[PDB]
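A.B. asks: Letter by letter, the chains look like this.
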Amino acid sequence: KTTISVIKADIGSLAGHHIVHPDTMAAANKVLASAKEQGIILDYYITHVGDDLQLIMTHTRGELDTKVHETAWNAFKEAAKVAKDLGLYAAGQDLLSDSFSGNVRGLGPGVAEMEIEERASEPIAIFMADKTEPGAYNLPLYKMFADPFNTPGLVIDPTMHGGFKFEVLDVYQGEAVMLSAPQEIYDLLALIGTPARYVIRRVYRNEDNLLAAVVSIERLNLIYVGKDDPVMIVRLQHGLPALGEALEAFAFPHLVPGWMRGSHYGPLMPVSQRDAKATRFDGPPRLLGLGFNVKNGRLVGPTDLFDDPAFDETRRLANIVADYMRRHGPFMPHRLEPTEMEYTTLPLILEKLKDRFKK
Amino acid sequence: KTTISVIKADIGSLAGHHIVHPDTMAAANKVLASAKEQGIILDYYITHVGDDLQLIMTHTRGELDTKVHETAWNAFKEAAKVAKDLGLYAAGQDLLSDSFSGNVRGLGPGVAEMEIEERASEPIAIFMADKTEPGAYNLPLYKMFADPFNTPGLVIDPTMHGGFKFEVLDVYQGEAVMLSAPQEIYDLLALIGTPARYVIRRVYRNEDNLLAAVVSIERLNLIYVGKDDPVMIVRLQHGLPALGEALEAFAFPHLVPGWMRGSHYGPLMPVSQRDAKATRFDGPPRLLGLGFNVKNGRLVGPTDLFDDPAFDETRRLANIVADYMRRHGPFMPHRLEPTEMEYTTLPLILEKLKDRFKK
Amino acid sequence: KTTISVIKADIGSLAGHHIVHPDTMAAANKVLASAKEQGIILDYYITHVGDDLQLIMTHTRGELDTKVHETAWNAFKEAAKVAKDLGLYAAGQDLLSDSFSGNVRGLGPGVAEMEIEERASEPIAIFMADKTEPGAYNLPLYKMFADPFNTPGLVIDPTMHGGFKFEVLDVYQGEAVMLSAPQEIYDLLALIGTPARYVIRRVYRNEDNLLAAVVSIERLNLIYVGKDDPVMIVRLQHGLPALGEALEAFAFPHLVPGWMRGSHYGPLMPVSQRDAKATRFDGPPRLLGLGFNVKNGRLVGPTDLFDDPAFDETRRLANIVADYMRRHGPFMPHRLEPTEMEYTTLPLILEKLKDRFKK
Amino acid sequence: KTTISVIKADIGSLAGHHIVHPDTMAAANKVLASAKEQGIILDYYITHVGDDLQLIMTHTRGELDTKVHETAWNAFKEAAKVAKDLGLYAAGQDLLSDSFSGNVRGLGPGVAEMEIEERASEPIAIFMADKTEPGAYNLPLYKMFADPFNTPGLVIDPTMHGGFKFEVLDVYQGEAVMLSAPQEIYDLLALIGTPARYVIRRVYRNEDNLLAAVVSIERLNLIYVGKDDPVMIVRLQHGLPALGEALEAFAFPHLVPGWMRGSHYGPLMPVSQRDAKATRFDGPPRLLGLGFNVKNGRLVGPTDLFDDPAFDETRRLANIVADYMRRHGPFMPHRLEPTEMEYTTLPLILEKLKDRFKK
Amino acid sequence: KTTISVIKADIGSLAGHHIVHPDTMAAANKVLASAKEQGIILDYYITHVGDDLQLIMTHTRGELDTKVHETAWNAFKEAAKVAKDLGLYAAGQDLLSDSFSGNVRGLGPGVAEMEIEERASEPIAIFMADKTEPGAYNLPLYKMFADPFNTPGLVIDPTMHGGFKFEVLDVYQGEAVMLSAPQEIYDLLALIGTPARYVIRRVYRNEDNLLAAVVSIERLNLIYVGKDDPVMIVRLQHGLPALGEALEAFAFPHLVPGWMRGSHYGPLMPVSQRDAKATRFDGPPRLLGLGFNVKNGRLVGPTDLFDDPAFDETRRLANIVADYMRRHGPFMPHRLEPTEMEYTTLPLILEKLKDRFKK
Ligand SMILES: O=C(COP(=O)(O)O)[C@@H](O)[C@H](O)[C@H](O)COP(=O)(O)O
Ligand SMILES: O=C(COP(=O)(O)O)[C@@H](O)[C@H](O)[C@H](O)COP(=O)(O)O
Ligand SMILES: O=C(COP(=O)(O)O)[C@@H](O)[C@H](O)[C@H](O)COP(=O)(O)O
Ligand SMILES: O=C(COP(=O)(O)O)[C@@H](O)[C@H](O)[C@H](O)COP(=O)(O)O
Ligand SMILES: O=C(COP(=O)(O)O)[C@@H](O)[C@H](O)[C@H](O)COP(=O)(O)O
Ligand SMILES: [Mg+2]
Ligand SMILES: [Mg+2]
Ligand SMILES: [Mg+2]
Ligand SMILES: [Mg+2]
Ligand SMILES: [Mg+2]
Ligand SMILES: [Mg+2]
Ligand SMILES: [Mg+2]
Ligand SMILES: [Mg+2]
Ligand SMILES: [Mg+2]
Ligand SMILES: [Mg+2]
Ligand SMILES: [Mg+2]
Ligand SMILES: [Mg+2]
Ligand SMILES: [Mg+2]
Ligand SMILES: [Mg+2]
Ligand SMILES: [Mg+2]
Ligand SMILES: [Mg+2]
Ligand SMILES: [Mg+2]
Ligand SMILES: [Mg+2]
Ligand SMILES: [Mg+2]
Ligand SMILES: [Mg+2]
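Protein sequences, first through last, are from chains D, Z, S, B and H. So the first sequence is numbered by our numbering: it starts at 30 and just counts up by one. So the second sequence is numbered by our numbering: it starts at 30 and just counts up by one. So the third sequence is numbered by our numbering: it starts at 30 and just counts up by one. So the fourth sequence is numbered by our numbering: it starts at 30 and just counts up by one. So the fifth sequence is numbered by our numbering: it starts at 30 and just counts up by one.
Any given hint could be a false lead.
Pairs count within a copy or across copies, as identical chains cannot be separated in the list.
Below 16 Å or equal to it, Euclidean Cα-Cα: the simulated EDC-like pairs (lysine to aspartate or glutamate) are [said to hold, decoys possible]: (1) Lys306 to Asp336; (2) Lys381 to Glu204; (3) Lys324 to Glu146; (4) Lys96 to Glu213; (5) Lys383 to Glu213; (6) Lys381 to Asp337; (7) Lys306 to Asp333; (8) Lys30 to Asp94.
Rather than coming from a laboratory, the hints here were simulated on the basis of the structure.
This is chain D alone, in the form it adopts within the complex:
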């Protein structure tokens, strides 16, 4: 029984909400190195995507474990202290509600965890994104596990003919429903087509209920606000989507909510580790993909999945679409709908014009 835990948080960044400073990751490493030595975790890999510090850990303490999460929290705290000493922007952003930044602060780390029984070989792909929200994975997951034009295994691999089912979470009501594909795909799409309300949290294979994927998503809180910059774990091969079928689902840089000030739609841009930073208009939204093999709680890898020429046109299209969207300025659909904007002056404007509006 092995648990793969991907916990991330924004603890500050250089020159804006741009990139995680190496020194902060070094601080996080000392903490996890100790946790590994103490036997709390079996292995780990630390990296970043944009201004989000990523903690990939394997252990045998199951999902939602207090000690693993506390270990992650201490890692972020130590990283935040370095960020503060370095005077980085938004130091401790996701940890302190009063940190120095203008976006939603102090919501805590985002998490994607799956406790599983390692198969003979356990290949997995971990995706981490910056400048977007959990619903960003709805389209990719649907394609990976239900679209026969994306995953031919559904049609030509006997072991996958049974299909997969999706656990869809209503982030507002805090309730989840299980929909099976293929016969409920029209129902499924009617829901997940609205990423701000319905998000795929987990995916299971129909034939044996094997857990195949998990997304970092939790119901909204009224302070309605929720965490962003999602992570996802996808189990691959042998009856589950091949690495290539999972990657095929990201070949199209679809428009996702987020980007600048968490108030726009922009193309998801799959990038290499070195290109995992937010620049133009605080983006475009960046997607990092790392492949691993989990062996007895150990992390073999990673292999940088999108750092390959097969995604060069995906990135070029992302840049072209980014320019096109930007020519819309503050107009929908480039700007998000009123209630979904992380930043807004509408309430203040209407207040100022209350007596100027005529019947």
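Fit chains Z, S, B and H with the ligands to the given chain D structure using the hints.
C.D. replies: Just chains Z, S, B and H with the ligands now, kept in the frame of chain D:
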């Protein structure tokens, strides 16, 4: 005192919500020919864009005139009768609530009217669109009358330095506010950036309050539903935007709400009269632009504005963007937000899954 | 009760298997004009696509009617006589087994027929192609009636939520199976993905079994040979795919079997009536689409569906892909698999090299 | 007398059928280092392409030598043991019939060998590919040795005017025929145009029967299955194709069988060593090319042939074509013909629908 | 109270006005290392863009400090001495009026300085350009601080609704005016649209007069000549433009004056540090952008802002536009207007043709 009235309505179309059949326009012509002979109207031009029959009329009976509107209604009725006899699809669509079609029916004709005092020369541009809504003109109008990067006259023509003001209608509350540019552009944009709620209905020059533009838009009704496929009249030159500045505002094929089943965002495609028909995915949304000179109530013209090579790249970009958007399938932002979809199965789906949703 | 019958045949063409000569269609018109006068048929429209003369007829004699088919045969015979007198190439090609041409001759006319009860309004799209086979419509039909990324109505139109079922014909065994979507789409695709063996012949709406589409396809004959250059009739709107959803299925110029010497894969190119002729490499395969409204057995229209700018990029991509495929020369996958080639020298080659092959 | 032996095998890979892990190659190196020390082989170079570990060895033990092959087998075994300890996917794939993977396992290493008499200078190019089959080299070889539009030497170099002959193997019958170019090129093409049945195994210069090229291909076995991911050795210059003429044959990224689940056609993408890994849709198929000079059994080099800007457009075209092919989903010609698919559910589907098929 | 001082100067370059030689920067480093040790400055970063050596220094001695500037001068002097010993071109260019070069020499170092009170976190972006003049920043700054289509914060961030004001310097008259946005943007643009006469020197936030940006620009001198190759400091976040909004203003490679012989208009090309050198036609003009965080007088960073894929299309467009402009040869608008050309032969030509000109 001359009134320019553009009244349009869908009275049926060939092979779907594709194109207005010539025979139906011929019927409408007989009616307006009689009205002109009777002196009700001074002149007129009939055409179409997609499945919307357009009645461009000039007269001296002012805005919201019962006889002019009744004349228009009779023209549409006669056209609808021919559509019915020809077995066209959605015959009498906008006139009968029970016409044969699946979209919103019987809401009545859309109207854009402006009563003015003809200047020495009165050049105007009339824009008519199919497969989108009134808010589609928000971005173009803002550019035409407030964006110095679109209309250099605002910066280099002394007669335009004073700027323009916009009458913005809250289509839900049924109230309008006047915002002046330049000093209130940030306030203006905070509103019109949401085309489904705030729509520019009229534009005036600040220095003398001269009416410069009018858009077909009326507050929503609860049956919240409203008319679509908008028309707009823009007065040009001599202190008002040049024809070229008005056309510059459409050089960028921005994403507008509508397209297939009035439930998607798609690029507005400026087209010639011959290309004014909906095809791929019932679009892309089509924009027809006609230039005229109004002289003593007479309509000199028209000149097909977008039927020119200067817009060939605009159309190519529209086709490229159309393909890109379509790869999103039933997912936002290609699909509209839940409450804005003209068609939806969500209510029925949630009802069906009410007991399957778990807390 | 109205029957729409599309019957086509190659009766000769100018300068090769290039285009139908106007004089031959004039001869066919005299025959149908008489049939209409005699009351055999209620209406008709004659045209062509490549070297295939098209007879679109509406009547009340049901499917597979001897008199209607005999009328069609006489129309083709008269056209063939003119073709012969004009010395056209392959005169009487599909009517005479010994006509002057090197391809498969004398198989008879291809047919697509559907007897229906006209709805309040009966909009339809008729597709006719040259230089390909019936299976060419498998991908488009699957998209039109089962792919939610093509036809959003399946997801957002309550009247279509029930889905559609496909009658798939095994052209070799002469047996057909009914598969329903959505829950059998993986099974369906496993079959129709092989257009040379499994072809969608008809499509029905699940909720009420309404016939929605028909394709010209008949089981193979051993002389295993079958007819090519297929036609298809698709009923549109009001619970059935919108014209735009049917056209969306052809926005992608997919590779289809046929083209030069019926032995290659080439992109299906949607074209206007004037561009419906085979040129480069006897293609690329051409697709003509005509929209009509059927009213009391009468044909209102047609409207040339693909003669629109929304398909300009589709055609450009077809040309680009055509060049790419051609660089493969006589190699698969540009050349068809051995048993599917209409022309082949393999048997003769192996015979010549029987003693040169060493164990 | 020197023998160049290229022996490759899949012994496991990281995160899927993605890439060979460095540790496994290190294990293989220890084995060959010992073999070299023992005098079994004179020199070697180890690398990979996708999930295939490559052993390039030079020795004086001739073709099909038991000790050289046994040495290769031990190298793979040691690599497989490391792969197993690292928990890599498909550990020992090509060595064990029951290894953990869903594709064809335990068929053994693929081999391309040529025993020759070194010329004054012996320049050679070695090509290794992943995600395709031996027939993939048919088109390139034909161009290199018979197409005057590829190799001008055939027309302007007196020493090459005599031409070359091809040993074509019928992989099903297990028999080979020798065809000479130029006078038998139409016969040759009639055969090699079908890569799944006829594969060029060796190429000889007509004038002196000098062996010029060898491809890894063996007759099929009934367990009809065969090995994939082919290698090829081509001798260059001085009467044989120049390095540039051999590379010219790969400038066009032709469609080859394989890619995802060995059941699709995809463009062959020539890549540098660092880009020799399978990603999008488990590809596109990757081609590694290494140039060497063989001097007294020693391997001087290599030079990474495709890691050069002259192939940047080749790769871009491969990416563009890859996207185009993928839009076909599970449909031919993107999906392979029924009998050529490595994975299939057809047998099971027909069994399930046996009673639903109607006569 | 911390002062950020960016002082640059051309002290010689390799192979032309191409690039700063590393040895010269090493000499400059020794000088600043000493100044830091002596406490004159708190921190520094030295780099280059084209042939301009950049000295980024932080200290507490305020703007226009004699000792800081003298320190900079000594740094340049030591660098110039190395340049001279290395025989570099234009050694001491900006320091000596008689240095070996044909352009304007001995004008002295260019400077951009801002004394501020560090905010909780002080993220900044420093831009340095070669082959253009100060006015090059007019368009970018206008967009960053006044264009709602560039900086959505102006519309959706309450803390920025108040807008910004610009200090515009008349470089000829030596007088500056303060214009506020939004209500004076048309006036502002009427001026800054002429970069050779009106240059934005500083930018302030309207609500609290916080200094947000500074540009290196000084009034012209009659020897009318002025310095070129400008630098700019922009304060970011928390009520000021986000890093992404500042970078968005450079996404469009606008035409700027300078390039070859300071007499042409060419596209501003944002580049990485390694690409910060002038090549084709002594350009195109290069823009280096570095992000830092200032903490207690210390410089944390930098992060190379434009060395990211999000600007790849910006650079490609720059190359395309560069070629287009170059086809104009010595004709305006590629060549600058007569009085703005750094090099000219016009005076001599007119003198030579004085008697050949006929009335
Ligand atoms: O979305 C963003 C960062 O979100 P995270 O990636 O940190 O969640 C950015 O776009 C910020 O909203 C923008 O820089 C303004 O930040 P602020 O000046 O108000 O502090
Ligand atoms: O938006 C459209 C027409 O709107 P209008 O242009 O007529 O306003 C079309 O996209 C229709 O919604 C679609 O054809 C379905 O029509 P229906 O089969 O349900 O009757
Ligand atoms: O496929 C074709 C026509 O098929 P149809 O469109 O007529 O069915 C063409 O490509 C012909 O095979 C080719 O011109 C050779 O015709 P042939 O010289 O041997 O007579
Ligand atoms: O062709 C492939 C590898 O072939 P080789 O390169 O290993 O020969 C891949 O495309 C695999 O078929 C696919 O990942 C599924 O592997 P599986 O989950 O069933 O184990
Ligand atoms: O603008 C330039 C350098 O300006 P700076 O970047 O040095 O200011 C270059 O384009 C020079 O004018 C050109 O090389 C001629 O230099 P010169 O042979 O007459 O010495
Ligand atoms: Mg942040
Ligand atoms: Mg983030
Ligand atoms: Mg955020
Ligand atoms: Mg975040
Ligand atoms: Mg309609
Ligand atoms: Mg309409
Ligand atoms: Mg509508
Ligand atoms: Mg309408
Ligand atoms: Mg023919
Ligand atoms: Mg034909
Ligand atoms: Mg044929
Ligand atoms: Mg035919
Ligand atoms: Mg493998
Ligand atoms: Mg392989
Ligand atoms: Mg394989
Ligand atoms: Mg293999
Ligand atoms: Mg210089
Ligand atoms: Mg310079
Ligand atoms: Mg200069
Ligand atoms: Mg200079």
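A.B. asks: Next step is simple, just say for each hint if it's right about the structure.
C.D. replies: Outcome of the hint check:
Proximity of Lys306 and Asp336 under a CA criterion of 16 Å is satisfied in both settings, with 14 Å inside one chain copy and 11 Å between copies. For the homomeric pair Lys381 and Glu204, the shortest alpha-carbon distance between copies (15 Å) is at most 16 Å, but the shortest distance inside one copy (38 Å) is not. In this homomeric assembly, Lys324 and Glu146 come within 16 Å of each other (Cα to Cα) only inside a single copy, at 11 Å, whereas the closest approach across copies is 48 Å. For a Cα distance limit of 16 Å, the shortest separation of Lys96 from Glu213 qualifies neither inside one copy, at 39 Å, nor across copies, at 46 Å.
In this assembly of identical chains, the alpha carbons of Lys383 and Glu213 lie at most 16 Å apart only when taken from different copies (15 Å versus 47 Å within one copy). In this assembly of identical chains, the alpha carbons of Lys381 and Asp337 never lie at most 16 Å apart, being 52 Å within a copy and 42 Å across copies at closest. Proximity of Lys306 and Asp333 under a CA criterion of 16 Å is satisfied in both settings, with 15 Å inside one chain copy and 11 Å between copies. For a Cα distance limit of 16 Å, the shortest separation of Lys30 from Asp94 inside one copy, 14 Å, qualifies, whereas the shortest one across copies, 47 Å, does not.
Violated hints, in rising order: 4 and 6; the structure is consistent with all others.
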